[PDB]
Amino acid sequence: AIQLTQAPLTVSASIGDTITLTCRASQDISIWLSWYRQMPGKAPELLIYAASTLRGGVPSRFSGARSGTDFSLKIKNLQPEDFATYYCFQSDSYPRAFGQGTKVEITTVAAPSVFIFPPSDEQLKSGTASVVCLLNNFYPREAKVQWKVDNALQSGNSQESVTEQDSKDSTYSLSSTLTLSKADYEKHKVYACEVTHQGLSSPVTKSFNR
Amino acid sequence: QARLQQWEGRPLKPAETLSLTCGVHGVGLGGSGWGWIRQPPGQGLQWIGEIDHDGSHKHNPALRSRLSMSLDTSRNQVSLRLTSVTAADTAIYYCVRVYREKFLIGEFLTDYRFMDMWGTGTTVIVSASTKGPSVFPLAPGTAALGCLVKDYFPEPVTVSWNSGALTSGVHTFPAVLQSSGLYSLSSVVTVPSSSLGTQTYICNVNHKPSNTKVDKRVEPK
Amino acid sequence: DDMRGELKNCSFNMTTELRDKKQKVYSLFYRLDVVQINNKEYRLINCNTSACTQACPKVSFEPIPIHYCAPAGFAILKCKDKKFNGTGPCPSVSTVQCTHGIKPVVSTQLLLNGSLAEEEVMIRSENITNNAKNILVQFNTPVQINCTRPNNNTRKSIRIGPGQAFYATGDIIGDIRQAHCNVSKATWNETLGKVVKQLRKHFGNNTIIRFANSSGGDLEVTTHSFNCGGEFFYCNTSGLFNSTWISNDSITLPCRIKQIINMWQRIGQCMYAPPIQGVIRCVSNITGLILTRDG
Amino acid sequence: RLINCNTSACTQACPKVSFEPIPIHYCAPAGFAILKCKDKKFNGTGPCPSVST
Ligand SMILES: *[C@@H]1O[C@H](CO)[C@@H](O[C@@H]2O[C@H](CO)[C@@H](O[C@@H]3O[C@H](CO[C@H]4O[C@H](CO)[C@@H](O)[C@H](O)[C@@H]4O[C@@H]4O[C@H](CO)[C@@H](O[C@@H]5O[C@H](CO)[C@H](O)[C@H](O)[C@H]5O)[C@H](O)[C@H]4NC(C)=O)[C@@H](O)[C@H](O[C@H]4O[C@H](CO)[C@@H](O)[C@H](O)[C@@H]4O[C@H]4O[C@H](CO)[C@@H](O)[C@H](O)[C@@H]4O)[C@@H]3O)[C@H](O)[C@H]2NC(C)=O)[C@H](O)[C@H]1NC(C)=O
Ligand SMILES: *[C@@H]1O[C@H](CO)[C@@H](O[C@@H]2O[C@H](CO)[C@@H](O[C@@H]3O[C@H](CO[C@H]4O[C@H](CO)[C@@H](O)[C@H](O[C@H]5O[C@H](CO)[C@@H](O)[C@H](O)[C@@H]5O)[C@@H]4O)[C@@H](O)[C@H](O[C@H]4O[C@H](CO)[C@@H](O)[C@H](O)[C@@H]4O)[C@@H]3O)[C@H](O)[C@H]2NC(C)=O)[C@H](O)[C@H]1NC(C)=O
Ligand SMILES: *[C@@H]1O[C@H](CO)[C@@H](O[C@@H]2O[C@H](CO)[C@@H](O)[C@H](O)[C@H]2NC(C)=O)[C@H](O)[C@H]1NC(C)=O
Ligand SMILES: *[C@@H]1O[C@H](CO)[C@@H](O[C@@H]2O[C@H](CO)[C@@H](O)[C@H](O)[C@H]2NC(C)=O)[C@H](O)[C@H]1NC(C)=O
Ligand SMILES: *[C@@H]1O[C@H](CO)[C@@H](O[C@@H]2O[C@H](CO)[C@@H](O)[C@H](O)[C@H]2NC(C)=O)[C@H](O)[C@H]1NC(C)=O
Ligand SMILES: *[C@@H]1O[C@H](CO)[C@@H](O[C@@H]2O[C@H](CO)[C@@H](O)[C@H](O)[C@H]2NC(C)=O)[C@H](O)[C@H]1NC(C)=O
Ligand SMILES: *[C@@H]1O[C@H](CO)[C@@H](O[C@@H]2O[C@H](CO)[C@@H](O)[C@H](O)[C@H]2NC(C)=O)[C@H](O)[C@H]1NC(C)=O
Ligand SMILES: *[C@@H]1O[C@H](CO)[C@@H](O)[C@H](O)[C@H]1NC(C)=O
Ligand SMILES: *[C@@H]1O[C@H](CO)[C@@H](O)[C@H](O)[C@H]1NC(C)=O
Ligand SMILES: *[C@@H]1O[C@H](CO)[C@@H](O)[C@H](O)[C@H]1NC(C)=O
Ligand SMILES: *[C@@H]1O[C@H](CO)[C@@H](O)[C@H](O)[C@H]1NC(C)=O
Ligand SMILES: *[C@@H]1O[C@H](CO)[C@@H](O)[C@H](O)[C@H]1NC(C)=O
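Chains as they are written, first to last, in the authors' numbering: chain L, 1 to 107, 109 to 211; chain H, 1 to 82, 82A to 82C, 83 to 100, 100A to 100L, 101 to 112, 114 to 126, 136 to 154, 156 to 157, 162 to 169, 171 to 180, 182 to 200, 203, 205 to 223, 226 to 228; chain A, 148 to 185, 188 to 309, 312 to 323, 323A, 324 to 397, 411 to 458; chain E, 192 to 244.
Calculated from the structure, these hints are not laboratory results.
Please note that the accuracy of each hint is not assured.
Mimicking SDA-like on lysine to any residue, the simulated pairs with C-alpha atoms at most 25 angstroms apart in a straight line are [to be verified]: (1) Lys305(A) to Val27(H); (2) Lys58(H) to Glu161(L); (3) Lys103(L) to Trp103(H); (4) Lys221(H) to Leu125(L); (5) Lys183(L) to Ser182(H); (6) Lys169(L) to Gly9(H); (7) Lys58(H) to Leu9(L); (8) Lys188(L) to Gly26(H); (9) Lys169(A) to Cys201(E); (10) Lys207(L) to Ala125(H); (11) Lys171(A) to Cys239(E); (12) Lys149(L) to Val177(H); (13) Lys74(L) to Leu9(L); (14) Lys171(A) to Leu184(H); (15) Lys149(L) to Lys228(H); (16) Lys126(L) to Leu184(H); (17) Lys221(H) to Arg55(L); (18) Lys103(L) to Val177(H); (19) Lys221(H) to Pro95(L); (20) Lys183(L) to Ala125(H); (21) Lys169(L) to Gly199(H); (22) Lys58(H) to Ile323(A); (23) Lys171(A) to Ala125(H).
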């Protein structure tokens, strides 16, 4: 099959900029590579087909180039409707493939405000304990949460979820849940979430004692 | 006015048959080709298969022998019949029209297929029986409080605060699918710390699939 | 310059398998098959003269060798002389039960496939001094000619009645270069050299032998008309016959294609050769010529 | 529509010709003979000891 590599996976720019998106193919797929834009929550739509032809209705700002391996798409005069996920789709070989997706967003670096929440006693009666760590109103989206229980690094027992970018301040929020059995929860004292983020010179830890 | 409409098929039990149907209006099944594109949550799109103008069935190698598609020319409908559905097949399924335009390279003429027209989306989730959530408090310059909406099926759950009167500072997170096959989500709000003993905060949780509504008071512990 | 400049995209109402229902269909017809009526209005070329019985899709046009065998009381005498032109005594004779396999290859201006001469190029005319008589040249070494229609044709079926189907060119993609035949330039030059050497014996050593191209007339007579892969070609052969003879490279002959064929120089019995799916490729031996001399 | 209109057109059975089977006799030309096995327990294959022409 043919593998399409799309980089960078996340490019940030403000309104009224020019961005270039790259989609590198494995073999030479001639010029057969179409571009699709997926607005968050909506369905993908065709922007460019044959790597150069604009779809009927797409503004003239959008443009592609190249007919070899390093396909490129250029956006001019950025508008809020252009901040979506773009995909490159080849049509040369019948095992069709898509790109990984380039998430274009708006650009202030801000560290999260961090909060930790113990499980409720009502939940504990069920045999399971959820500890929740909130990372509020931060930018950029990349953040790292490490759970510690009596200083022991936890692995494999958490899940996390991130909001969409805020329309007014361009920040994100993140929620991570650590799931423990009640039996394990009651064997330990100190529950801590350690947060790493570009806006923090050293990690921030919020904790409680059971 | 040319649109492809597809309707939700509701959650389905694992190891069953996945029956999809797309409604083609404005245009007809003839002349183009019709295929299916999915999108697992938080991931990119994946090609399932297509029927080309000739009536010939291109299928993705990954889904081996469990693929079968058909075209209802009389009703202008495209069908998908994925079988033995596993939890990894939880994705939004799109119906697409691969349109053929001929592009002339220096001496060679090709039929170029470029998925002209996309469906709206059919969120397919496989798990579990309908189950309402348990709602637990996340109890508290600025303070954070919230509600943990745990162990429900299927999606979705909606959350408001103070019957919709509190919107500033609210974040309702995407649900996660837990290893149990049940979903969980959290909703939070940041408020002035000075308001915690005087203002009442209630998260309004609605889980339509089970007819479950919970108004959970979140007080400091 | 392309194949697509030879085609017209013709849309018409066709009968359905039900008598009271019509069928808006289209097909790609060669410009050589459609005649304008005065999106313009056209009609098939052999429509004021006859109706075209479709070349039946399950019968092949490939010639198989046929032996003509004499009945009882008759014998077939075979002249085994290798210098026998066409007339007069033959010192070596044989009685064969019947002839070698004679492939009925139908072609003009060039004897594709068939039997070679034994020792040298043979010139055979009924009266070599009469310019109204054709000269049948026969080669001793074949000249290989390669055909092609580079297009990837897409045959389309139309139900024109109960049980009857009309096969139409629905789409054409792929290499759109004009259909052509390649003859090796070195091999053809040395073959005309042998023809000229054997042709000066009847006209003089000091005479100038000049090969010109076909004078005029029907496309079936001005071109190397032949069948190859079920589709009928009409090649120019003006680069083959262009030379004056005084006492890796290849020659490309642009060929047109027709679907409505009046084969045996007749009027009132045409034939519609249906489209051949895919790319057509061709390997033949030029084993002879048919020449006419200018007065 | 009639069951056979996408395969062929159908020839009406002529109203004066009869489908009734009339016995027919297949007779061998000169220089040939028809041998008839008169064995009453013949199973269709093998030597027939009672043959007539
Ligand atoms: C030789 O000549 C031939 C002509 O004689 C050439 O063939 C033609 O080639 C055309 C160009 O390729 C092609 O046009 C394209 O048609 C698309 C629609 O497909 C049609 O036509 C087919 C004909 O076989 C039909 O089989 C289809 O069924 C369809 O017709 C539908 O049929 C319906 C009945 O079944 C009608 O009724 C609708 O039915 C619905 C049922 O629920 C509802 O009831 C509806 O309310 C009801 O209306 C429809 O009315 C009819 N629709 C028609 C007529 O359109 C069409 O989509 C293509 O255009 C779009 O896409 C291209 C590429 O993007 C754009 O450039 C265009 O601008 C246009 O885009 C816009 O719309 C799309 C959405 O569709 C948007 O995504 C886009 O952004 C734009 O807004 C295009 O017109 C011809 O159909 C075809 N004709 C024939 C006879 O085959 C042949 O190519 C040529 N060959 C050679 C070798 O040269
Ligand atoms: C020139 O242009 C023609 C089109 O006019 C090209 O022909 C098509 O090629 C594609 C592949 O490139 C074929 O698609 C595949 O279909 C096979 C199974 O096809 C069978 O069923 C078809 C529908 O009935 C039928 O058309 C097929 O062909 C027969 O019938 C036609 C007449 O209709 C006749 O002309 C042929 O000779 C055949 O007798 C055939 O019966 C399918 O298995 C293919 O593989 C895909 O899907 C599998 C999973 O199923 C997947 O694993 C593979 O990776 C792949 O995705 C694929 O669907 C198409 O059928 C052909 N169409 C026709 C009309 O023949 C031709 O290739 C071009 N040639 C050149 C030189 O480019
Ligand atoms: C096929 O038949 C239709 C009619 O059944 C033709 O359409 C008509 O064309 C004439 C002009 O010659 C108009 O006056 C009529 O109003 C048309 N009728 C319609 C559109 O219903 C059509 O031209 C024919 N197509 C051909 C001959 O290719
Ligand atoms: C059938 O129609 C064709 C086309 O009109 C006729 O051939 C044309 O004849 C005129 C008059 O001599 C010429 O000017 C045209 O050049 C001819 N066209 C072609 C394509 O050859 C033909 O004569 C008609 N046949 C009959 C029997 O009437
Ligand atoms: C001359 O003879 C050759 C060889 O038999 C013919 O080419 C063959 O054509 C058949 C049918 O199209 C193919 O199945 C064979 O594969 C061909 N052979 C080769 C070597 O290509 C050729 O068509 C003949 N020339 C004519 C009839 O004009
Ligand atoms: C066949 O080839 C000849 C020669 O290439 C073509 O006719 C002549 O071409 C030369 C230059 O290539 C011109 O100077 C002449 O005026 C042409 N004579 C014509 C057009 O009558 C010819 O077009 C080719 N095809 C056919 C069908 O004859
Ligand atoms: C002619 O039409 C008949 C009727 O549709 C065809 O027979 C049908 O074939 C389908 C298969 O697609 C079966 O599901 C039906 O049961 C068949 N009908 C009957 C009455 O048995 C038949 O195949 C067609 N023949 C041709 C040559 O097209
Ligand atoms: C053919 O050869 C014979 C015998 O050599 C000769 O008599 C005859 O004249 C030749 N044909 C012609 C047309 O001259
Ligand atoms: C004829 O020769 C040309 C180049 O001279 C080449 O492109 C073409 O493929 C050849 N065709 C055949 C049938 O040999
Ligand atoms: C014709 O084609 C054969 C292979 O099919 C090739 O070997 C030969 O060189 C070609 N000759 C010409 C004159 O194109
Ligand atoms: C013969 O060649 C001349 C030019 O050399 C051309 O005008 C004429 O049409 C040709 N005749 C044919 C190919 O029958
Ligand atoms: C042409 O003739 C040679 C021998 O002279 C033979 O090997 C070859 O197969 C022939 N090519 C055909 C008949 O296409």
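Status of the hints after comparison with the structure:
1. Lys305(A) to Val27(H): Cα-Cα ~22 angstroms, so holds.
2. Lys58(H) to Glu161(L): violated (37 angstroms)
3. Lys103(L) to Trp103(H): It holds: about 20 angstroms lies between the C-alpha atoms, which stays within 25 angstroms.
4. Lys221(H) to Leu125(L): Cα-Cα ~17 angstroms, so holds.
5. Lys183(L) to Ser182(H): Roughly 16 angstroms between the alpha carbons, so the hint for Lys183(L) and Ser182(H) holds.
6. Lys169(L) to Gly9(H): violated (36 angstroms)
7. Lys58(H) to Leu9(L): violated (29 angstroms)
8. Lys188(L) to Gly26(H): violated (64 angstroms)
9. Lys169(A) to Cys201(E): OK: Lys169(A) and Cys201(E) at ~21 angstroms, within 25 angstroms.
10. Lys207(L) to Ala125(H): Judged against 25 angstroms, a Cα distance of about 15 angstroms means the pair holds.
11. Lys171(A) to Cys239(E): Distance of about 68 angstroms is beyond 25 angstroms: violated.
12. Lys149(L) to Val177(H): holds (21 angstroms)
13. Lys74(L) to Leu9(L): This hinted pair holds, its Cα atoms lying about 15 angstroms apart.
14. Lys171(A) to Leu184(H): Answer violated: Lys171(A) to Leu184(H) is near 56 angstroms, above 25 angstroms.
15. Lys149(L) to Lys228(H): holds (23 angstroms)
16. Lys126(L) to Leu184(H): Holds. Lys126(L) to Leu184(H) sits at ~19 angstroms (cutoff 25 angstroms).
17. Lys221(H) to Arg55(L): violated (50 angstroms)
18. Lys103(L) to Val177(H): holds (21 angstroms)
19. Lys221(H) to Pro95(L): violated (51 angstroms)
20. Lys183(L) to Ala125(H): holds (19 angstroms)
21. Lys169(L) to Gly199(H): violated (29 angstroms)
22. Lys58(H) to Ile323(A): Holds: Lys58(H) and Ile323(A) sit about 21 angstroms apart, inside 25 angstroms.
23. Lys171(A) to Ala125(H): Given pair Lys171(A), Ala125(H) is violated - Cα atoms ~72 angstroms apart, limit 25 angstroms.
Of the numbered hints given earlier, the model fails hints 2, 6, 7, 8, 11, 14, 17, 19, 21 and 23; all others are met.
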